[PDB]
Every structure is written in structure tokens, then in C-alpha cells.
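Use these hints to put chain H onto chain L, whose structure you have.
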Amino acid sequence: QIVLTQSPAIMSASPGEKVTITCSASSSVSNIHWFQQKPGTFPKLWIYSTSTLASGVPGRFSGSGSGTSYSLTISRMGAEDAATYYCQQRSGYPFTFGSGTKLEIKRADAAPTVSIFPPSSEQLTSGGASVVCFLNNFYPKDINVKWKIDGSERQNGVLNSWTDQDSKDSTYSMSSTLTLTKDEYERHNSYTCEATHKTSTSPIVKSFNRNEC
Amino acid sequence: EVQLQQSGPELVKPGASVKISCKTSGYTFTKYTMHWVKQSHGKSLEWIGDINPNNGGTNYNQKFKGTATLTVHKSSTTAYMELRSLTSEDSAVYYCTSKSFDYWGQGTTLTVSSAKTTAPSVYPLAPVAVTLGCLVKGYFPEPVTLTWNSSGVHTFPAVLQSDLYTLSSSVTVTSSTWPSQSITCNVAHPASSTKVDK
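First to last, the protein sequences are chains L and H.
Taken in order, the first sequence gives residues 1 to 213; the numbers are from the deposited numbering.
Taken in order, the second sequence gives residues 1 to 128, 136 to 157, 162 to 209; the numbers are from the deposited numbering.
For reference, chain H alone in the conformation it holds in the complex:
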């Protein structure tokens, strides 16, 4: 299986530096040029630059020179991209691509901000088929996972307010199951927090 496993999401101060990983597999690392693409807010894909593995030959977009630094590790078949002097304008999704844009990385989500991490407060949403819900209020880094026990589930995209994200989730189950059978909502991360509800 050819796979390009990039590093996880990161939060960084406006000024900090970051180095994203992209460990490849299943193909001749050195036969192809590794590319790095920037995915801004929405639909804005930008070619940052590329590097030729083993030979370390670079080619940068004039716009990303200075901040970007592509380097490689022929041995661990891992490409790297260092982004220095980060600002809020550098928050986006980052992909690495190979075999002429045929293989893409999973993407690395980066948030540049002084806002402190925060554990969310999950709240059970009961009424007053059966429709129910779970509200996860106030967490800072964008990644969070919501599952229900284990499908009328409807997870809604997070919306940021005052440096805190807010996400909700509704699940529609039948009356002959609830409350005899529990419906729990599992929440994970923000500040290493894992919470189960009803």
C-alpha cells in the first residue's frame, strides 16, 4: 500500500516555527519529486514548492521562500517542511504530493494563535421517533471527536466564537429503545479530555 502519512494537527504561537512530517511508503521514494500544497480557508490550493529526494534539489514558489524550507530524509523516506515566522494567515491545511500529484498526503491542519487550549464542557440534550443531542461547548484547538456509543446521527461543523469552538450533534432514535437502552455521546481531546455523557 502506497501511503504518505503526514504528521498530526498543531497549534502554534504567532511567531513560532513548525516542521511538518510526511513519511512515505509503498513506492520508490527517490524516483519522484515531493511537493507541498497549501489549502487555505476554502478552495484555495497553493503550490508552496518541491524537493528532489536523495539529491535534495529544491524549487520554491517565490511567495513561500523565506518561510518555507523543504528538506528530506532518504533513509526514513520522510520529507519535511519548516514554516518559520508564522502568523494567523499561515493557518491552513498542508499536503505533500508525489508521483506527479497522483499520491496525496492526508493533510496537516495547523492553527497559529495565542489562544490557550481549553477542555470542552459537554452537555446532554434531552427533549422537553425520539430526536436527541449532545453539545460540546468551549474548546480551543479545532480537533474534537463525537460518537454515540458506537444511524440518524448529524454532527455539525464547529463554529468559533470568542477563541472557543462549539460543536453539536443530533441523533434520531426510535421511542421503543430509549430510555430502556442508553444513548451516550463520547467526546474526545481539545485538552486531552475524553467524556461520555448520558
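Extracted from the complex, chain L is given alone in its bound form:
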């Protein structure tokens, strides 16, 4: 099997930048094909036969390379251009794909917009209690969120989940959900979730008290 290793695996480029993602084949191939897949969509033939641009593709995209090493190059990164680009070889059997190169847009470091919520009565009456925490619109994705219950860190029961970079402002949003029993809930008062992000010297704190805030 002709392995196809892509390099780099993931990258952040600012708009208007020149990107060159490569593709190395383990054994020589004739052509290489490139695919573009955006999160939640199927792949799209981007450039085939190494140099040919498919219909729709912008002229800033170009394919080059020969025998063992090929490459895609974007003359100027566009917002639209963020995606994962796979290299494919059909010159041998079976057909193989590249590891993928994830493209992300580099932008201005932002701080998150934290919001805290207490268990809904519906949930509370159900027997469980989850305190949710939304950390909206930040860049970089690197962010640390800690749950503190009466000044005590809870590790187990926390459910984190980042979104894929926002198409409009190019930022990520987080969501941490600490889940405990109704019993554990009604015993502790100060619930705090703090984001130790890269824009914060001091962690962004959001806190609430179980009975009156």
C-alpha cells in the first residue's frame, strides 16, 4: 500500500498568507489528487491530476509536485479556505489517502464570554443536577476551565466540548457541564467555573451561590 503522509497536520494561517501543504507518497505515483472537506460536509475534489483545478476552485490554488512529493499552495489564505485537504493516489491498488492537513485561520487573541447556569427545576426534580458553563467567542482554542465547588476543584463529572472555528469571526467557543447528584448540589453553595485562558493573567471567573446571588 502506497502510504501518503501529509505535512503539516494542522496549521493556522492569517488571511492573505501563502500556504503550501505537501504530500509524500511511499512509492512513486503518477498523479496526486487533493480533496477539500469542511466539518459536517463530504469531501470536494479540489485539484486533480496534480495540476488541474476542478470547477469552482479559485485561482489562488495550485497543485505541483512529481513522482514522490507533491504540494498544494494557496497564494493568499482566505477565510473560506480553512478546511482539511486530503491527498489521494489512484496510481496503485488499493487507493489511499493522506493523513490530512487541517487549516485554521489565525486571528486576534480574544477573551471568552463566560456564562453560568444552575440546574433547572425540571432536572432537580428528576434527581440529578448539572451546572453548565458557556465560554463564548475566544481565540486561541487553548483554554483551561476549572470547576470549583465551595473552593474545591471537581474533576470527575465535567463534560467539555469546543465548537469548530466560527465562520464569521474565526473564534472557538467552549461548554463545560459539571454534573452531580441533587444531593451533592444541595449541600454546597458557591459554584465557580474559571477559565485560565491565554489572554488572562488572572482567570476569568464566573460564580453563583445556590440560594441567592
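I should point out that these hints are in silico values taken from the structure, not numbers from a laboratory.
We put the CB at the ideal spot given by N, CA and C, even for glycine.
Heads up, some of the hints might be wrong.
[As the list claims (entries may be wrong)] Pairs of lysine-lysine residues, derived as BS3-like cross-links and limited to a Cα-Cα distance of at most 25 Å, are as follows:
| no. | chain 1 | residue 1 | chain 2 | residue 2 |
| --- | --- | --- | --- | --- |
| 1 | H | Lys43 | L | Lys141 |
| 2 | H | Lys116 | L | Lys44 |
| 3 | L | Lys44 | L | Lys168 |
| 4 | L | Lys38 | H | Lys31 |
| 5 | L | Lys141 | L | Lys182 |
[Unchecked claim] Sample of chain H residues with no beta-carbon within 10 Å of chain L, all distances over it, derived:
| no. | residue |
| --- | --- |
| 6 | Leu11 |
| 7 | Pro14 |
| 8 | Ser21 |
| 9 | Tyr32 |
| 10 | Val37 |
| 11 | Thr152 |
| 12 | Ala199 |
Chain H in isolation, oriented as in the chain L frame:
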């Protein structure tokens, strides 16, 4: 419009068999070879094999032979792929491709597991601009739809815990609208459940 409409998402026992559909349109069905691609966890696209329509000529990846069985229906212009002896390792997204990988199918998401389907419990998230939220807790098959009435919406990807998925959604609206105007969150499926909230 050339379109390859594949069948919907499916959940199957580790041992069960499944047959994915791919009914094509807008192009000479028989002029091109139908391909099937496997999309594992993340970024792992694998060529399972192909078949030549009308002529039924197959060509398989050595790895998928035995489990895979590509067949076709020249009349209904529908390709098929049967996957038998499924395991958790066979859970992924499945595409069919044509005109030399130019036309791709929408994809069929398959989950192989003994875990029982489960209707979710949706919870309204009010405070204590106005930021609000909706939490849908505990459903098993991964597909779920969250909308708000009908845009500061932020739906977060589902995360699986103890054979149950959990998804949240935040929407940021202005103070001069809420509560005078209701903000409801609509949730759909998991166990044929459809729920509206606040």
C-alpha cells in the same frame, strides 16, 4: 441536478449486518464506476472498493473483502454496500463516489453498539445582552436536532459519556426582547422524541 442520495444513519448490534443505499440521479449511471469510501473517527478516509454498474464488475480493497459486498440496481440507479459481522470498529461515515471522485454522497453515519436507544431530557437554561441556553441530556443514537424557535446561536458538538450523548446550545439575545418575546429550543429524535421548551 446530479445527486447521490444515500440512506440515513443506522445503529446496529455488534454482529448485525447492514445494507447502505446510494440512489443516483442526473447522470449516466452506467458510464461510471461507483466507489465507496470509509470515513473513520477523524481524517481517516479509506477506499473500500468499487463496482461497475450494469456489468456488476467488482474490485475490493483486500482489507474490506468478506465484510463488504457491493452490488447494484441498474434500473433504480441505486448502488448498495452490505457490511456483515459488524463491530464497534466498523462505526464511521460511509460515502459513495462517482465520475472519478467528482460526485460524492451525503454520507451514511453508522453506529455499531448494544447500547439501547434513549429519548433525551431537555432542560431550559435561564440566568441566575441576555445569554440563554438549552441542555439535551442522555440520548443514544448520535443524531439530534436543536433549533431555537426559527443569530447568536452556539450549538456544541455532542460528547458521549456512559452510553448516552449530551449536547448543549447557547443563544445570545438582547434584553429588550426576552421575556416579552419567548425564546424556545426545539429538540428532535434520539427515540422519536420532539420537544419544545420555554
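Find the hints from earlier in the document that the structure breaks and name them by number, from lowest to highest. 2, 4, 5, 10
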